[PDB]
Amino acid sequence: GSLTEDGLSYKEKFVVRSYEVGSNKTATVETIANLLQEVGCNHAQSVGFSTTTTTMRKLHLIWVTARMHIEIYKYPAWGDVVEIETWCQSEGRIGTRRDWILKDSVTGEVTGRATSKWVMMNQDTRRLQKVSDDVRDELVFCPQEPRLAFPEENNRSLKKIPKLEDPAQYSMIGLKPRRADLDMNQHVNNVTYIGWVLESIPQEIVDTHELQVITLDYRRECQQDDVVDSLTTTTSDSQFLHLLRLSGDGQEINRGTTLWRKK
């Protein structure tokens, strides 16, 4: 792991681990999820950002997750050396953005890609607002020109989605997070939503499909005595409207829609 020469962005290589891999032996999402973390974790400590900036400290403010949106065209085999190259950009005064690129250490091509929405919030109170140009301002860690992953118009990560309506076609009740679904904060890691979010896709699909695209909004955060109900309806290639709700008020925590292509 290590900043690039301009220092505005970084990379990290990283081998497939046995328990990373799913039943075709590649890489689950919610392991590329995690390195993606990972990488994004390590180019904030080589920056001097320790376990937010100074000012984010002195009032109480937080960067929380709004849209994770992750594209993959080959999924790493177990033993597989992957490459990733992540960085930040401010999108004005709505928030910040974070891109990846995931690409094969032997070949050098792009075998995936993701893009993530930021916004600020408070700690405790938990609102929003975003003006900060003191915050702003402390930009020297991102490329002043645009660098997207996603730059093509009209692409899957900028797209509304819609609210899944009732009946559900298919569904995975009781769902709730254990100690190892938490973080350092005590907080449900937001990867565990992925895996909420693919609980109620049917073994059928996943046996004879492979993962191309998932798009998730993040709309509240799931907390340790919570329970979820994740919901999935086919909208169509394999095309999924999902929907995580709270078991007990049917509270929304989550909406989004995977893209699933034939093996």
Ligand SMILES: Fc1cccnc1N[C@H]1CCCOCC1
The other form holds:
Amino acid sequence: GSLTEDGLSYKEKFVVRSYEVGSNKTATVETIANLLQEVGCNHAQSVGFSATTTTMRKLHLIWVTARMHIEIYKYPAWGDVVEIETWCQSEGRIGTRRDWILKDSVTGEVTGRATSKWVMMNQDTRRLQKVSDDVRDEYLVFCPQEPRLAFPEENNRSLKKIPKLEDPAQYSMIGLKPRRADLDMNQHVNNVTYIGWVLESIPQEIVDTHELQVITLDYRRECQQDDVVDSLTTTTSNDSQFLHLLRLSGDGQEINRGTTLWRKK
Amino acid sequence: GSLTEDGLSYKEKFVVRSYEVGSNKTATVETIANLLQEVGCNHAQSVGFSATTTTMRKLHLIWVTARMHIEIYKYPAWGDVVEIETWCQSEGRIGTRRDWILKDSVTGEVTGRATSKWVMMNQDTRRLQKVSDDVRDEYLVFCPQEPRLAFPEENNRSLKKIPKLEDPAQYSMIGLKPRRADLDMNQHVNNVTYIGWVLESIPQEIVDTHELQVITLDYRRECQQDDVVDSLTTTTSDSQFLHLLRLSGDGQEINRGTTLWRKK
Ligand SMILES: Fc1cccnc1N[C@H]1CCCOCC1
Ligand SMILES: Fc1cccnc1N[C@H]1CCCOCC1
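For comparison with the form solved without the ligand, provide the form solved in complex with the ligand.
After this comes the whole thing, all chains and molecules, with the earlier chain placed first.
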């Protein structure tokens, strides 16, 4: 992988692995999400991070995902080479945004796109906060100054408000728990695990006859290593749409909410 | 990746990813196991198995893992390049064996080694069988003829008999279930998931103060997508553990194993 010529974006190529694919011999949405995370991390590293700035480490602040939005046109097959370009942009004092473009390395065609919203939070108290000028000036030199959006369209799905699923849910998958493979290097549940948990309450027949085109996920609260999660889904819809809710098994505390759009094969 | 000069083994390099590492910023044993599986699949593809041969497909036969043995001296760090060499060998009528050698690409030193036993099975009835000479001759042209062992030493850990853990277990993790990410392209639970499940009953304090040096796992029966598993561990000792994976309900054995851990 490498930063582009202007140093304002990063590209990396990946060869799709045997264990990374599902029944159609194409990459699952969780493999795609893992690759987006890996290219994001390689971009932060190439521009001097170890992505907390100098001022952020001093003040015990971190970037946390508030929303993830992915749209896939074609999932790459086992052994195929996918090229992913990523970049960041400041969204004023609200936080930051990281976008991605997925391309087939052989044809050069766009096969997918993603966008994410990140908010600043104190690592210890979990208290959200706005972005100060001191922090903003430190990461602006690594961002394109003019807007560059993976989802430019005026009324696109990435900025839609997601409602809270009402009980009773049409479908459910109960008692989901993270294992050590689900944790990141800091012992927190990896953000991609939540995507997997949301998808667990979709019936196998839908997965067997449809392809996931779009997923939008809001991150409200994190699941601890010793927490248990319930995954809830209700059909809201040639295309099928679903409303999703992840909540703690006991008290029913919301951890995530989301929507998926699926097209018939 | 590519076959070596003689075409009797395969090498591939991997750059360790951010999500592939644990708390020490080094690859977990499950990442290592995934890489061994990937290089194994790439070897089979390079020699024409787009690893079932022509005769196996007609007779509805597949290779299934009976045992996996891994020894790690150094886990590669996040961003490091690891080189893995793999090869296969016939073990007469019993089945086949696949071995691996892990090396640090920069230093060239051996950082790990692995060996696995595979048995022939009818994919529909799940009935084990011996290897026929028709099948044996079809894969012998892809194997070194003289023995080449990742674990040569006489009386070594890879061939030790593993006993069945007796109730009550010292430690346990119950109600483990596979999710879709745990399944392979054929909708079966990936072999690496069982390694993860075995490790779930090891206490976090042991994981926080020790490094896993050796793991031996016997595969008795598969866990279906709708099955629930209980993971059981007892200290037998460096720290050694005896492991048992069984179905949550009837208590049917799926795996048994042992782990050896060194203090950091
Ligand atoms: F770029 C990242 C660096 C570190 C962590 N996550 C990143 N990106 C997203 C991965 C895909 C699923 O959504 C969550 C976040
Ligand atoms: F070479 C392989 C091809 C396909 C599947 N597994 C392979 N190898 C081992 C993977 C890691 C531990 O489980 C034992 C088998």
